[PDB]
Structures are given as structure tokens and as C-alpha cells.
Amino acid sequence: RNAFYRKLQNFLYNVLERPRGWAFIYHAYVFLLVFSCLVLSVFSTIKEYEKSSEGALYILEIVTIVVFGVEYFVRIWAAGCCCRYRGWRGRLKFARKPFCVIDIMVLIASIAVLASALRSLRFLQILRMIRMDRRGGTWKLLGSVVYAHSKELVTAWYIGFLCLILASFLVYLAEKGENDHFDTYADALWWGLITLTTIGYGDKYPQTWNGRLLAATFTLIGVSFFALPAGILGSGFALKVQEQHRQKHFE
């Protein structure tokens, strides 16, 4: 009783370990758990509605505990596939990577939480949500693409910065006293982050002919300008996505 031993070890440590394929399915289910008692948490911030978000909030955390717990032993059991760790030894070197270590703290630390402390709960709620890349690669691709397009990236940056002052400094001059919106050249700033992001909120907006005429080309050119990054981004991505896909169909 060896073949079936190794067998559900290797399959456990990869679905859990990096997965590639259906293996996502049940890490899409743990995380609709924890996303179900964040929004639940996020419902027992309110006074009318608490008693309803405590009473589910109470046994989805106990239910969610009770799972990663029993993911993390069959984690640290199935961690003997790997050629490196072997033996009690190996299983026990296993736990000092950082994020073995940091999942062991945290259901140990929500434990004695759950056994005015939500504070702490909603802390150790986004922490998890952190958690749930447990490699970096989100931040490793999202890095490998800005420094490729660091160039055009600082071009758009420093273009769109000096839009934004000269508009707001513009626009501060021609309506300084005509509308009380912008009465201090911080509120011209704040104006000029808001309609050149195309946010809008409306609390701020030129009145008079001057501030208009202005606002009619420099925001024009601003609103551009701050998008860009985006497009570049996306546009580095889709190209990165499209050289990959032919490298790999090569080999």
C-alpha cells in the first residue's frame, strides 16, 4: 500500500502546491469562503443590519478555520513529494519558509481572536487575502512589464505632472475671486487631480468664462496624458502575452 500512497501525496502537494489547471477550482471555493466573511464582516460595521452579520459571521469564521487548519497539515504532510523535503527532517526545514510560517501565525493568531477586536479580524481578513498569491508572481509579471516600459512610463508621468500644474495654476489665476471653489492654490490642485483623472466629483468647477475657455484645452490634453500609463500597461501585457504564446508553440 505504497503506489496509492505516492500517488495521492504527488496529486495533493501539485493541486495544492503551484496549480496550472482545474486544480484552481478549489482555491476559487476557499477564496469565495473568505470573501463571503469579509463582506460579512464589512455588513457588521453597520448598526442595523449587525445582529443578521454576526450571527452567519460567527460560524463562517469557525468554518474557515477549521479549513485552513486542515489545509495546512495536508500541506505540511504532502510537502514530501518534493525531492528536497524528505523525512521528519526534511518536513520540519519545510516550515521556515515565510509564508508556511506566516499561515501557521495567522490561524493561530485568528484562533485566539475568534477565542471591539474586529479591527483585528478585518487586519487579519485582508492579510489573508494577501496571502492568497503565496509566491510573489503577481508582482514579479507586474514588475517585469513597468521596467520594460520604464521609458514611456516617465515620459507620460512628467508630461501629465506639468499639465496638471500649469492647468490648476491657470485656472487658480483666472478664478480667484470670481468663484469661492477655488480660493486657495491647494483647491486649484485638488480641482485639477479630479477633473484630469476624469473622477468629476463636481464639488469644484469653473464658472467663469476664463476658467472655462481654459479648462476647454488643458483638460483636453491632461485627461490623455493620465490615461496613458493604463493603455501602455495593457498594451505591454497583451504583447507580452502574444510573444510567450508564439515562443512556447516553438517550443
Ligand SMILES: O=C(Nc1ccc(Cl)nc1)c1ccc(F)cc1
Given for the second form:
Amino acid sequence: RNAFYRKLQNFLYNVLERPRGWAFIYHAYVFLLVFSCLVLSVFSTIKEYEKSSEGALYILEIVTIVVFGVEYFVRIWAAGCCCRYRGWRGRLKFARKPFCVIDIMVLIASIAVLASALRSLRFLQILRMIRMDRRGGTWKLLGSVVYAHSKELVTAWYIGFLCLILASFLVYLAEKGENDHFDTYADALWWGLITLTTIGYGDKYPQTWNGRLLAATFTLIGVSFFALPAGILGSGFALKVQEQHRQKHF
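Show the form deposited with this ligand bound, please, because up to now only the form deposited without this ligand has appeared in this conversation.
Lone chain follows.
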């Protein structure tokens, strides 16, 4: 009973908090809730499919406030499951943390939402997605790998930037008179930035033997430069996972 009380409350604290194998499905269903809320709002903006989504958004929005408020109250009530928190001093200081402050704030503000309307709704819908990473796991991992590869990321971005400036200047001089697309150094930088990242919208391209002959050399070099950090961080991630797996192997 009361023994089941303590064991239950602890279990609740662990599912709501760090889950290992089974509570993750629960979190996945809450995430699918907020996700469909986001997609339905995106649908609800365009006035051709407006009336066919408002009512659904009302019901699902309230269901979001329901489940999040219930989660939060359990986040507080089930705080004394670890050694630290208990009574009112440990719980009080716990809510003083940054996450629980910002959480309770946004919860009340959401009630104000159901109380700059659609725009602020877009804002809150963005914010609820950040809730899905409580412990800051993704951010912490990304920052780790980026830091260890600081010098190589910087050489990739620095030399890529030099190549963008030089290529855009040269193609500017080559086609300024002949081509309408290039008229300012602003447009030559736009083309160069949207060509070395391999997007290539297609609205500005060299149209001169001088322009095409210059872009032909600088694409082969620059495109690789601007695609380096995707590869450096990719192989950084993969190597780190291999090392961690080895240490599991001991």
C-alpha cells in the first residue's frame, strides 16, 4: 500500500524522467500529439482548408494542455523519488530550476492562449517542440562533437568563405555588363552563396564565356569546401560511436 505508494511514485518519476525501454513509447505518443498539432496548424493557415481544421485544432489543443499540465503536476509531486527532494524545501528549490520555471510559465501562457494571435500560436507551437528534449541530450552531444573538431570546422568554413568571395568578385567583373542577373556585388555574392552550397535555384547563372570559364574552375574547388563540415561531423559522430562501443567491449 504505502510501500506500493513509494514504489509507484518512484516509478512515475522514472517514466516521466529518464526512461529506458518502455516509457519511451509513451513519450513517442505525446510527441505524435504535438506533431499533428503542428501539422494541423500549418494546414489551418491556408484559407482553402480553413473550416475543415479549426474544430480539430480546438479539441487537440485542449488535449495538449490537459496532458502537459498533468505531466507537470506529476513532475512536481513525484520529485521526492530520488534522495534529494522531499517535503517542501527540496521540492521548492527544484522548481527553482530553469526548466521547470519556463515550463510552468509556458503552461499558464497556453491557458492564456485558450483564454499576434495566430503568429503567437506559431511561436508557442515552435516552443513545445523544444520541450521534447528535457535533458538537453541532442544539444549536448552536438556541442561535444563540434568542439572536438573546432580546428577543422574553422578551416573548412574559412577557406570556403575565401573561395566564395574570390569567385563572386571574379564572376562579377566578368559578366557585369553582359548579364542582367549580376548587377551589384550583392547579387554576385548571392549567386556564389547559392551555388557553392549546391542549391542552385537557377535565377542567376553566368552567361558569358568568361563567366562560365571562371565558374567552372571555382565550382569544382568550392563545392567541396562548402560540403566539408557535413562530412567532418558525420565521420566524427561515427567514430565516437565506434569508440564508445569498444569501451562497452572493454
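Take the two forms, find the largest set of C-alpha atoms that superpose within 1.5 Å, and that set is the rigid core. Positions refer to the first chain, counted from 1.
Relative to the superposed core, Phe94 undergoes a C-alpha shift of no less than 2 Å between these two forms.
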